[PDB]
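> Turn these sequences into a full structure, and let the hints steer you where they fit.
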Amino acid sequence: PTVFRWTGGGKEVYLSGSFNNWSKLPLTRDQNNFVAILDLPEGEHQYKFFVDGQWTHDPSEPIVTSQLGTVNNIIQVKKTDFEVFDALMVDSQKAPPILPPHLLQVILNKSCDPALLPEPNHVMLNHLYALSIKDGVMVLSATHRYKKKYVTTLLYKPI
Amino acid sequence: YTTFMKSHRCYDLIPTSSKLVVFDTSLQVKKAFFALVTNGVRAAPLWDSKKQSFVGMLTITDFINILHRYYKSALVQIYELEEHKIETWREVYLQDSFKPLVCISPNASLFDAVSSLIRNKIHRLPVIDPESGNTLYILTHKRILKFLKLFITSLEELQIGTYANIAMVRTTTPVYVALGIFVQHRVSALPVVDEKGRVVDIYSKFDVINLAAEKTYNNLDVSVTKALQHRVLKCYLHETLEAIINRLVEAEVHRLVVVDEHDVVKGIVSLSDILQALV
Amino acid sequence: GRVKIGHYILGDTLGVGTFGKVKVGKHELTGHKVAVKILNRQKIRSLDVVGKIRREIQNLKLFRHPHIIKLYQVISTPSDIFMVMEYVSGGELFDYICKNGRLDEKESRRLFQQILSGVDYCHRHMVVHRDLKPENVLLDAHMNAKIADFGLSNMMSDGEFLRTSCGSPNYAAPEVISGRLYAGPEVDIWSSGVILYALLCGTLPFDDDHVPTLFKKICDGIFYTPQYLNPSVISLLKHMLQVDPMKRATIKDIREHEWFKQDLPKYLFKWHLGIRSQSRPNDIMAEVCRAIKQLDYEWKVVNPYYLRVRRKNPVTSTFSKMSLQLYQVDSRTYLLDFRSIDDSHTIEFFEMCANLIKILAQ
Ligand SMILES: N#Cc1c(O)c2c(-c3ccc(-c4ccccc4O)cc3)c(Cl)sc2[nH]c1=O
Ligand SMILES: Nc1ncnc2c1ncn2[C@@H]1O[C@H](COP(=O)(O)OP(=O)(O)O)[C@@H](O)[C@H]1O
Ligand SMILES: Nc1ncnc2c1ncn2[C@@H]1O[C@H](COP(=O)(O)O)[C@@H](O)[C@H]1O
Ligand SMILES: Nc1ncnc2c1ncn2[C@@H]1O[C@H](COP(=O)(O)O)[C@@H](O)[C@H]1O
Ligand SMILES: [Cl-]
Ligand SMILES: [Cl-]
Ligand SMILES: [Cl-]
Ligand SMILES: [Cl-]
Ligand SMILES: [Cl-]
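Protein chains in written order, with my numbering: chain A, 291 to 449; chain B, -15 to 263; chain C, 181 to 542.
I should point out that these hints are in silico values taken from the structure, not numbers from a laboratory.
Certain hints may be false.
Label-pair restraints from in silico Cβ distances [said to hold, decoys possible]: (1) C:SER497 / B:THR137: 48 to 58 Å; (2) C:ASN324 / A:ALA385: 42 to 52 Å; (3) C:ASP275 / B:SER(-9): 53 to 63 Å; (4) A:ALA385 / C:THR193: 37 to 47 Å; (5) B:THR137 / C:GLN508: 51 to 61 Å; (6) A:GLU409 / C:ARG490: 24 to 34 Å; (7) C:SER337 / A:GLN383: 19 to 29 Å; (8) C:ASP387 / A:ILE353: 45 to 55 Å; (9) C:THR430 / A:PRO331: 28 to 38 Å; (10) C:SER337 / B:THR209: 50 to 60 Å; (11) C:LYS538 / A:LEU398: 20 to 30 Å; (12) A:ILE449 / C:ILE414: 18 to 28 Å; (13) A:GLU409 / C:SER415: 23 to 33 Å; (14) B:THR137 / C:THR430: 27 to 37 Å.
The C-beta atom is built at its ideal place from N, Cα and C for all residues, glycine as well.
Rendered as structure tokens:
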């Protein structure tokens, strides 16, 4: 289906085109929006408007001038125009922030298993945390998720 | 039973939120064992920065080995351990006798892991995702079995484990001596016996971290009883395998002592044995 | 002479809302009524919201919850995109609370359970619907809540905060009115809190014609609790309307609350972060860059305080990415943060960070 919309005023607005043997199909008014939606065989179609006793084209829309001086609008209905994700894809063509308190909520500091840990907030995953370099060795740490499970890795690395 | 193991993936056994300690082979070895203790972990993977991959696993066995290999007396420092990197020891311990890294994938089956544990004769194995290359979790027999006990809804007749010429220590046996037994015999626990063949206690590889924890490792002359002062479990041959499997888990220990009427040793039954029988 | 899309005859415009007119649709043969959001392709590209619509569709298409408006189908045309959805006769909950007054304890609780259920389902799907108000809470014939404007919504990504200060100022959270970074769900709780206040009192907790006083009130989290309010619900409102997001109720804290729990149906439900340098922000960015390139790392300066950096591995011969971001901790101190970007990955990330630290301030 293709949307044909006239944006202006008028008492009676019609849509004439190749796809209807140039018969005056009427457009229904909402506000300053006159519409009729209809399916067109994906290809080339020429149309024109009969806005209140005057034959016009939509100047904003693409035109075609004839060997006979006929000035009509043109519509190249594409296959990509009908598939939503295809259409959307074709269409897509200071001071520092304050530290969110969330990044201070850890799981290592906060009877039971020392290997086990509390579940983390998505927001603090993949962030690097580290213990002070004590005795020329660095302790680095980060919580990451593999599938529906989490792993907090500590690296004892000298420097 | 084995059918269950061939279907279930390793991932299913990984806990929701775990801790993992990785040591760079460039780290001094004493700092490593101290970090095992401080983090509350029995085994940590080793990363070779130059090789850009995990080369192995540091365990309590490595501690038992450095200790025994390099102990002179309670009067001298174990200089070697004090100043030796994980790489410098791994090359000494495994000279011409070279060994790589045994590891499982999370998408690999539970069977494949149990088989690998026995195949390579190891008690702790790492799980590495092939995509990331990240170590996720370390598979311990106790865990594999605990999951099997949750799924389940005599000892003389079956005969599972080593029952003859068992490695044992006495009340007054020095820690060093015992460490040497853990080396030559390649076993995990040594039952402590009294004047008579009757068993009083059991000194395990795990009781050897207490030396590192309390920094009491420079004296290995101490009797095995003195060492165990920082703190039994028995089974018979008339007792059913399911009752024994239940007794092990409801105590979360690695093995049971096969004992006689008047507390006398007769054999042993480990988690490694039970998991071979059910494979 | 009827305008049709699907076999629905497009009728009266229901509202405009976030990204375009919503009209009624009555099926030619069945008389089944739908709500149709119209997105003009050329208009949606004028605001660069094409990415937003793409995501919004992707989400709402696989959602199926009894208190969130269902997205039946998306009909694309060369000119405009039509989002067909379930139609609810009762309209705005806002207009309901206007016409009839405040709801009795029992009826408010029923509706608050339904709304919160939906809000939860969203968050369980990593979706935070910012802009949660009774004007976006529609009612059906049987008086069921239906959450409906996902225009201002956003995804919750592992390791990231949101910034957009979206939604009405009365329903907006303090951190939002303050234009500060947020996780996402906490801002939906603060919004659900004011909805609960509106359901019980018939008025807004934070409202004044003077905007600066309205804004002080939101940040001072101070609101009036009339005498008719049950102290147990006052207790719940106090917990949801916390100015400290860290001190604010989580859907769990709410499910566990004695007032919420009542007559509830079954069908619903020492480490340091990075390194902290005290230099001037721009000096820190020069200091980090004169270190990143000193390490031969490829990068891209996004914000003046956000840097996406890459490293070519000399061994695995595989590129590893990480992003750096500088925040402000104090009136005096600032801290550089290190986040891991997915393409050992984790260990290679630690090594990357470490090198930078051995040549940097606190
Ligand atoms: N604003 C705006 C706007 C629109 O309104 C539309 C319509 C539209 C649909 C139906 C009617 C209609 C006509 C008569 C009576 C009842 C009716 O609902 C009017 C217009 C399209 Cl189609 S694409 C489009 N794009 C826009 O940007
Ligand atoms: N997955 C593995 N890959 C390579 N070597 C390993 C692996 N697991 C253990 N080792 C090595 O095998 C030996 C024995 O270790 P192990 O019996 O598993 O320790 P423990 O009994 O304390 O759990 C050690 O030298 C250790 O470094
Ligand atoms: N003290 C021991 N003496 C002899 N064999 C043992 C002893 N402890 C364990 N084993 C055996 O060693 C193997 C592996 O056991 P374990 O090292 O305890 O997990 C099994 O075949 C056990 O029967
Ligand atoms: N059969 C056993 N009886 C009593 N304690 C045991 C036994 N096996 C191991 N332990 C204890 O378990 C700890 C060592 O752990 P593990 O190597 O997992 O068994 C020590 O405190 C031992 O005393
Ligand atoms: Cl026009
Ligand atoms: Cl509106
Ligand atoms: Cl009607
Ligand atoms: Cl209805
Ligand atoms: Cl109101």
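> Can you let me know if the beta-carbon spacing of A:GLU409 and C:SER415 is within 23 to 33 Å?
For C:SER415 against A:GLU409, whose Cβ atoms are near 26 Å apart, the range 23 to 33 Å holds.
> With respect to the beta-carbon atoms only, verify the hint that C:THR430 and A:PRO331 lie 28 to 38 Å apart.
violated (55 Å)
> Can you let me know if the beta-carbon spacing of A:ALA385 and C:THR193 is within 37 to 47 Å?
holds (43 Å)
> Quick check: does the Cβ-Cβ distance between C:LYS538 and A:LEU398 fall within 20 to 30 Å?
holds (22 Å)
> Is 24 to 34 Å a correct range for the gap between the Cβ atoms of A:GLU409 and C:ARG490?
Given about 31 Å between the Cβ atoms, the range holds.
> Starting from the hint 48 to 58 Å, judge whether the C-beta atoms of C:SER497 and B:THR137 obey it.
holds (51 Å)
> Would you say the C-beta atoms of B:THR137 and C:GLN508 sit inside 51 to 61 Å of each other?
The hinted range 51 to 61 Å holds for B:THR137 and C:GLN508, with Cβ atoms some 57 Å apart.
> State, for the Cβ atoms of C:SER337 and B:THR209, whether the hinted interval 50 to 60 Å holds or is violated.
57 Å Cβ-Cβ, so the 50 to 60 Å window holds.
> Starting from the range 42 to 52 Å, see whether the pair C:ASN324 and A:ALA385 falls in it by beta-carbon distance.
holds (46 Å)
> Should the hint that C:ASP275 and B:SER(-9) are 53 to 63 Å apart at their CB atoms be regarded as holding?
Given a distance of about 57 Å, which is inside 53 to 63 Å, the answer is holds.
> In this structure, is the beta-carbon distance linking A:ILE449 and C:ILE414 contained in 18 to 28 Å?
At roughly 55 Å between Cβ atoms, C:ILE414 and A:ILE449 fall outside 18 to 28 Å, so the hint is violated.
> Is it true that B:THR137 and C:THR430 lie within 27 to 37 Å of each other by Cβ?
Holds, since B:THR137 and C:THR430 (Cβ atoms, about 36 Å apart) stay within the stated range.
In summary, the structure is inconsistent with hints 9 and 12 from the numbered list given earlier, while agreeing with the others.
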